[PDB]
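S.K.: So you can see what is in the structure, the chains are spelled out below.
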Amino acid sequence: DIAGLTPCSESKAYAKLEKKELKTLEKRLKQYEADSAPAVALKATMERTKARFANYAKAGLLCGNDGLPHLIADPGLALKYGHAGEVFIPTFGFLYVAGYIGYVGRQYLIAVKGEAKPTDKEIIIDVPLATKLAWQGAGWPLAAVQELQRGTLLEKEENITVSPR
Amino acid sequence: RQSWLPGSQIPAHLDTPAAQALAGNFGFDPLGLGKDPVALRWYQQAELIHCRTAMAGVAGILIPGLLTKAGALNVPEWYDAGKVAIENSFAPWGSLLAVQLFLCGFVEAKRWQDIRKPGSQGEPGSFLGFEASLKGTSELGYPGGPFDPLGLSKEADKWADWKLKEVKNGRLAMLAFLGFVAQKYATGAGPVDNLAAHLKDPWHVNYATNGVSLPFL
Amino acid sequence: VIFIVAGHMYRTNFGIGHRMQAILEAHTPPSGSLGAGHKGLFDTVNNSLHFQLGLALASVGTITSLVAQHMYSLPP
Amino acid sequence: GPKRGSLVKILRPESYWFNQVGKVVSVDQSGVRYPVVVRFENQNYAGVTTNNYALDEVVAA
Amino acid sequence: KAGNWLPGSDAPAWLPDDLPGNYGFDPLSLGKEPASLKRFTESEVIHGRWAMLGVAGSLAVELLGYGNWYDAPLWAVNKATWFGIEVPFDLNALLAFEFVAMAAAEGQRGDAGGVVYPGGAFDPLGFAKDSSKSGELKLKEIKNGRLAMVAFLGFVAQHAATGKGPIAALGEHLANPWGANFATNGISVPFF
Amino acid sequence: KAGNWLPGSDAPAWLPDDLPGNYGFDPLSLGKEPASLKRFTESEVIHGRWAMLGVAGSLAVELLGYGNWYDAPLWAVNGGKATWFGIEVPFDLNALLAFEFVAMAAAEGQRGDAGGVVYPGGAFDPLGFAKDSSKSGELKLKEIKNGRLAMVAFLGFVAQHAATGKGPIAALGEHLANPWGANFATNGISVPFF
Amino acid sequence: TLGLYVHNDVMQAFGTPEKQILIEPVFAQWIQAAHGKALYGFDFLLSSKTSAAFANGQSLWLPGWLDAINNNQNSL
Amino acid sequence: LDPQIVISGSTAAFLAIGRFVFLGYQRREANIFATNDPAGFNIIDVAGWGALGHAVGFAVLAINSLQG
Ligand code: CLA
Ligand code: CLA
Ligand code: CLA
Ligand code: CLA
Ligand code: CLA
Ligand SMILES: CC1=C[C@H](O)CC(C)(C)[C@H]1/C=C/C(C)=C/C=C/C(C)=C/C=C/C=C(C)/C=C/C=C(C)/C=C/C1=C(C)C[C@H](O)CC1(C)C
Ligand SMILES: CC1=C[C@H](O)CC(C)(C)[C@H]1/C=C/C(C)=C/C=C/C(C)=C/C=C/C=C(C)/C=C/C=C(C)/C=C/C1=C(C)C[C@H](O)CC1(C)C
Ligand SMILES: CC1=C[C@H](O)CC(C)(C)[C@H]1/C=C/C(C)=C/C=C/C(C)=C/C=C/C=C(C)/C=C/C=C(C)/C=C/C1=C(C)C[C@H](O)CC1(C)C
Ligand SMILES: CC1=C(/C=C/C(C)=C/C=C/C(C)=C/C=C/C=C(C)/C=C/C=C(C)/C=C/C2=C(C)CCCC2(C)C)C(C)(C)CCC1
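As you go down the protein sequences, you meet chains H, C, P, A, S, F, X and G in turn. At position 76 of the first sequence the residue is numbered 138 (the UniProt record's numbering), and the sequence of numbers has no breaks. At position 155 of the second sequence the residue is numbered 181 (the UniProt record's numbering), and the sequence of numbers has no breaks. At position 18 of the third sequence the residue is numbered 300 (the UniProt record's numbering), and the sequence of numbers has no breaks. At position 34 of the fourth sequence the residue is numbered 69 (the UniProt record's numbering), and the sequence of numbers has no breaks. Residues 31 to 108, 111 to 224, numbered by the UniProt record's numbering, are exactly what the fifth sequence covers, in order. At position 60 of the sixth sequence the residue is numbered 90 (the UniProt record's numbering), and the sequence of numbers has no breaks. At position 48 of the seventh sequence the residue is numbered 481 (the UniProt record's numbering), and the sequence of numbers has no breaks. Residues 32 to 62, 86 to 122, numbered by the UniProt record's numbering, are exactly what the eighth sequence covers, in order.
Take these hints with a grain of salt, some might be off.
Claimed, not checked - Each pair of labels, with its calculated beta carbon distance range:
| hint | chain 1 | residue 1 | chain 2 | residue 2 | range |
| --- | --- | --- | --- | --- | --- |
| 1 | H | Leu139 | X | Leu493 | 30 to 36 Å |
| 2 | C | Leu57 | X | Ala488 | 56 to 62 Å |
| 3 | H | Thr68 | P | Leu339 | 44 to 50 Å |
| 4 | S | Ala160 | F | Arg69 | 56 to 62 Å |
As the list claims (entries may be wrong) - In silico EDC-like links for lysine to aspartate or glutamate, alpha-carbon gap of 16 Å or less:
| hint | chain 1 | residue 1 | chain 2 | residue 2 |
| --- | --- | --- | --- | --- |
| 5 | C | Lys180 | S | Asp56 |
| 6 | X | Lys452 | H | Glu80 |
| 7 | A | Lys44 | H | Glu220 |
| 8 | C | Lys143 | F | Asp40 |
| 9 | A | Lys44 | H | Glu219 |
| 10 | F | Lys31 | C | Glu149 |
| 11 | S | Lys62 | C | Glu157 |
Calculated from the structure, these hints are not laboratory results. All C-beta atoms, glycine included, are put in the ideal place defined by N, C-alpha and C.
The shape of chain H in the complex, shown without the other chains:
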């Protein structure tokens, strides 16, 4: 398919690796009882192994010569061959939660600078104000692009600068 990679459900080293992990787990399994808790834990392990290999073969991942899933990081090639779930949807999910954390921290900083003890509200966290901003932070991309377009996202050149500049 992409880059000479076969799909994992078509790959043979993928099936060999699945069979090898089952072989190691059953060689460890064959030295216990039946209803014993080590045997129960190893059968749960084998169930999770089979479920994991079936889910990775179901998700349409691409395997190499080693039988291991390879990820495709190109928006157009991923959206063309059905691989947006591995890099593209995770990167927009990450950027949503990372801007969430950063915007809630920025709103807490701006809220606590407007008092007579900003360092005291930085050492001892104002929990109601922090939870208020943490719930209100869900509209952070809209609020961020609005603060961008008003010219209030950015401080002017009243910043601290060195002698050189």
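With chain H's structure known, arrange chains C, P, A, S, F, X and G with the ligands on it following the hints.
M.R.: Below, chains C, P, A, S, F, X and G with the ligands without anything else, positioned relative to chain H:
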């Protein structure tokens, strides 16, 4: 006044004359998106456009979907109508989408420049004869002239009532379209079929039983 | 041939040729997006040996990387 | 120069609080070279929050 | 004022009385502005004259019996004819002559600013040298022109419905009136 | 001012009103500095005139039956002989490049020796249409509008041949034969996901 | 970079190599296909036989370059 | 081919073009010591423009020898 929660405090940006005079004001901004008045103007416009296209869309779902259960109008399911129509059609869907992108982009840019400047699309000379009938009607998002032919917006004693009926039917049609998408992914049948199943057995056929919407139970 | 042709660019005692200070004073873009541009850089490259030494070391180091990368891959 | 308690802006370039805002304590009226006493709510690397400045190093902003 | 398009309703204050065809019909208020209204009076008279010519032409073609107005470019979608006599030209040459002649005539018309009723060599018989009967004929002209615009849109919609010419569809409406109209169509009213 | 490229938006304050083609179109603010703007007026008129002659050449080659504008240097790409209205031209590619280099270097150099001459007149204007100074602005406006349309048309020629691979007259024949089944969205190149 | 290496080390330690994050270098493989390497199947500009660059350089210097770049027994 | 014709014509073309249309631009941009020429087209101008002539002429001869 009326609110989405009795006893909750109304946000201070939704309690001003400019916000209370809008339409459908119930004090619902818990995420604080409309604290900026320019943002609230832009979001008023975005709500009006999503309301009107959601009503037109959900009417195109329901009325053929209701009448296809009666005798006339053998209309396919709304998640199959694009395929059935493009088999019936003459053009490929890419060319049809390109034509609708140009034709919508013209009109959209007209609305965009009206949002930027209210007295904008009435430049004398810029249109052949459109230019006289393409100003606003002193309230942005509510144009006049060729839009609204029948003159229903002429009597002032009906005007807030027409506004509030529009914003309620629009929000309810947006809920209806999100429902159409959700039910389609969950059940696999049409929305009239979902309504017939909830009427045939309400206490056993719902979203608590479909095995998708809450899978912990 | 390319280096011999490129070695007739600059103005020695023969009338023809380019003047480096003139080239540097000319390449300043409009709108002030680079400010004064390359104004006054000839008297700061010419008078400083550490600027010339840093330029020479940057070029020779990048070329030494080029030598290694091209000699493993294209063995002469 | 500026009166007591008013906010100024420091333009001495090698100051720690250059391009920032402090508060005037007093202005000495002798022939002292740096009479404007400004306090700052943050400390420098020496842990000092107060410095003398000149009349052309402070701007009432 | 030629009348009232809806009795009881009032006339708009932007349409003057000394204008050919002033029934007061302006619901969308498209001509509240004078430059727009001037351009639309020009466009209304020009559309009316072209539609009179087109309706008279389609009637003449179908009554004289050489097909309808829809069969006339079928040789060129694929030899031309006129009065049954074949005409020795091709589509590209016809488009060339038509583009040159209409560009010349239209361009001479567009050089004049607000000329709607030119006279002169356009008016050889001199009916409009009285300034009163000329205005009554202006009113007759705008009424005939609106009627022919409605007639031509009826031709287009009627052919898109039935696939036949207007005289043949009029023959159907005279033969079976309660069995041949826009409702045995199956298109104009989608039910039944 | 010629018109307004986007109605209701204000014109940039650096574009003077008495200039041919002034629709107020400068989103990227490329002409805010006057010497740059003078050079862009010169270059806009020159590019427009070259594109007019190029589009007229491509049309006149393909309508008269001598291949398209892309088949015209193929006698020199391959081993062949030149032709012009069917009449052969007894020259080779090196000789023609010599003639073109000498001629264009002379003409271009004489044009560049002039300071800012865009509308010279005199020998360039033998029939004397711009000897009026009142219809001259209207003719310059017509000149810059036909030139912009010709630039857009020649970039259309290039992009259409890059995508479909035919001449513009044959592409117009396909677009008249099937306007919905033959366009840049039935292309397969211009929009990749259609 | 450290997080991906530590992630893959935890996967290799816990006996599960099929869970480790293995991003494919599709940009540099695209560049190698542009250079004429028919391994990754992009097939463009020097790897496609119907290309202008391929057809113009094909008579004189490309037949050695293609053999040397499609040999997997060298560092080219 | 015709090497004398190609080299002599290329050198003549480049010397004529630098003598007649690029001389004034070269005198504007530059701002042995005395010649009879009314434009000051000296030995070094002859050397530069004839160098361009010989270079372009041998390039044309080499491309035509490759037949490309
Ligand atoms: C980080 C840099 C980067 C690089 C090196 C690539 C590399 C690639 N892109 Mg990707 N792309 C990227 C980021 C990048 N992309 C981003 C950020 C977007 C969203 C804007 C895209 C959206 C995108 C689309 C829709 C497509 C590609 C495609 C490609 C492949 C061929 C195009 C090419 O060689 O252009 C070099 C890349 C750049 C100069 C980076 C800018 C990318 C622009 C914005 C899009 C380029 C698309 C291109 C015009 C389509 C060519 C069609 C192809 C069949 C010839 C190549 C592997 C095409 C493909 O699927 O090939 C099989 C394709 O259709 N890309
Ligand atoms: C063909 C174009 C056309 C144009 C430019 C005009 C222009 C005018 N009309 Mg006329 N009119 C027309 C056709 C036209 N008319 C037709 C066909 C009829 C018979 C139905 C009439 C019947 C009529 C009456 C009774 C009166 C006018 C009047 C006017 C004047 C004022 C109205 C105005 O300002 O709007 C400008 C008009 C337009 C911009 C029309 C352009 C087309 C619009 C934008 C879309 C129409 C689409 C149409 C509804 C589709 C029908 C489909 C069908 C299946 C339902 C103006 C000069 C008034 C007047 O004072 O007379 C001079 C008046 O009293 N008109
Ligand atoms: C100009 C006036 C006019 C006249 C005399 C006719 C006459 C006719 N039409 Mg046509 N038609 C017209 C305009 C007209 N039409 C317009 C404007 C449209 C687009 C809406 C159509 C679309 C149309 C279709 C789809 C069909 C017809 C058909 C017919 C024929 C059957 C009767 C019928 O059902 O009419 C249709 C009735 C209307 C369109 C409603 C009337 C609206 C008009 C414009 C009001 C003015 C009429 C006037 C007050 C009284 C008549 C004046 C006249 C004597 C000059 C009949 C010959 C049918 C046919 O083919 O018969 C076999 C048919 O299927 N017409
Ligand atoms: C190609 C040369 C060229 C040049 C030098 C100019 C220069 C000018 N134009 Mg003109 N213009 C051009 C082409 C050009 N134009 C074309 C082809 C059109 C039709 C689309 C126009 C339509 C136009 C309008 C409506 C107006 C102007 C105006 C102006 C003047 C001020 C604007 C400015 O400063 O931008 C400087 C311009 C450039 C630097 C052009 C260079 C091209 C840029 C850098 C990149 C373009 C890339 C291209 C879009 C890629 C296409 C890829 C394709 C596959 C899609 C300036 C004299 C304004 C004016 O007052 O008229 C005198 C004005 O109102 N132009
Ligand atoms: C100068 C005007 C112009 C005209 C009349 C045409 C006409 C055509 N083009 Mg071309 N083309 C143009 C410019 C033009 N193009 C430009 C600027 C580009 C680069 C973006 C292209 C790139 C291109 C490609 C890749 C293809 C075509 C194709 C075609 C044909 C099918 C229609 C289509 O899908 O076009 C494409 C539509 C556009 C590029 C949008 C046009 C936007 C214009 C320039 C804005 C101004 C238009 C103006 C408002 C009204 C038209 C004026 C005109 C009548 C004089 C049709 C004959 C297709 C073909 O070969 O069919 C067989 C095809 O595959 N064109
Ligand atoms: C207010 C607020 C505030 C605070 O602060 C915060 C928060 C809470 C966050 C917020 C909220 C929000 C929300 C809820 C939202 C939602 C929305 C929606 C639902 C939309 C839809 C929307 C929707 C829409 C538009 C839709 C539309 C539709 C359409 C057109 C359709 C179409 C169609 C049809 C006809 C048919 C065919 O066959 C197909 C189709 C094509 C499909
Ligand atoms: C007034 C007003 C006002 C308010 O304010 C608003 C409103 C209401 C909107 C408005 C209204 C409007 C309207 C009604 C419109 C309509 C129009 C029309 C119908 C036109 C036609 C129009 C039409 C026309 C011109 C036509 C023309 C035609 C022609 C030439 C034809 C031709 C032909 C012929 C011979 C035959 C052949 O075989 C072919 C052809 C080629 C086909
Ligand atoms: C204005 C502005 C402003 C703002 O600020 C910004 C922006 C927007 C960016 C801008 C825009 C721009 C643009 C649009 C541009 C475009 C251009 C073009 C297209 C050019 C062409 C241009 C073009 C041209 C010259 C062309 C020319 C051509 C030619 C000569 C041709 C020739 C030929 C012929 C005959 C045929 C044969 O077989 C071959 C050949 C040899 C091929
Ligand atoms: C006086 C006179 C005259 C005459 C003139 C003449 C005849 C001139 C000539 C001149 C000449 C005749 C010059 C020449 C020059 C040349 C040169 C200066 C050369 C150089 C060369 C080179 C530099 C080369 C190089 C190379 C080599 C060695 C190898 C291979 C590569 C190459 C090619 C790069 C006349 C009659 C007109 C007029 C009167 C005056």
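S.K.: It remains to establish, for every hint, whether it holds in the given structure.
M.R.: Status of the hints after comparison with the structure:
1. H:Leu139 / X:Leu493: 30 to 36 Å: Holds - the Cβ-Cβ distance for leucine 139 of chain H and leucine 493 of chain X, about 33 Å, lies within 30 to 36 Å.
2. C:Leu57 / X:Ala488: 56 to 62 Å: 59 Å, holds
3. H:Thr68 / P:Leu339: 44 to 50 Å: Between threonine 68 of chain H and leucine 339 of chain P, where Cβ atoms are some 49 Å apart, the hint holds.
4. S:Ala160 / F:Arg69: 56 to 62 Å: At 57 Å between Cβs, range holds.
5. C:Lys180 / S:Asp56: Cα-Cα ~15 Å, so holds.
6. X:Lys452 / H:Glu80: Measuring from Cα to Cα gives roughly 12 Å; hence the hint holds.
7. A:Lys44 / H:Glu220: 9 Å, holds
8. C:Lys143 / F:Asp40: Between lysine 143 of chain C and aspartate 40 of chain F the Cα gap is close to 10 Å, so the pair holds against 16 Å.
9. A:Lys44 / H:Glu219: 13 Å, holds
10. F:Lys31 / C:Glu149: Roughly 14 Å between the alpha carbons, so the hint for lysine 31 of chain F and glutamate 149 of chain C holds.
11. S:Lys62 / C:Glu157: Holds, at about 11 Å.
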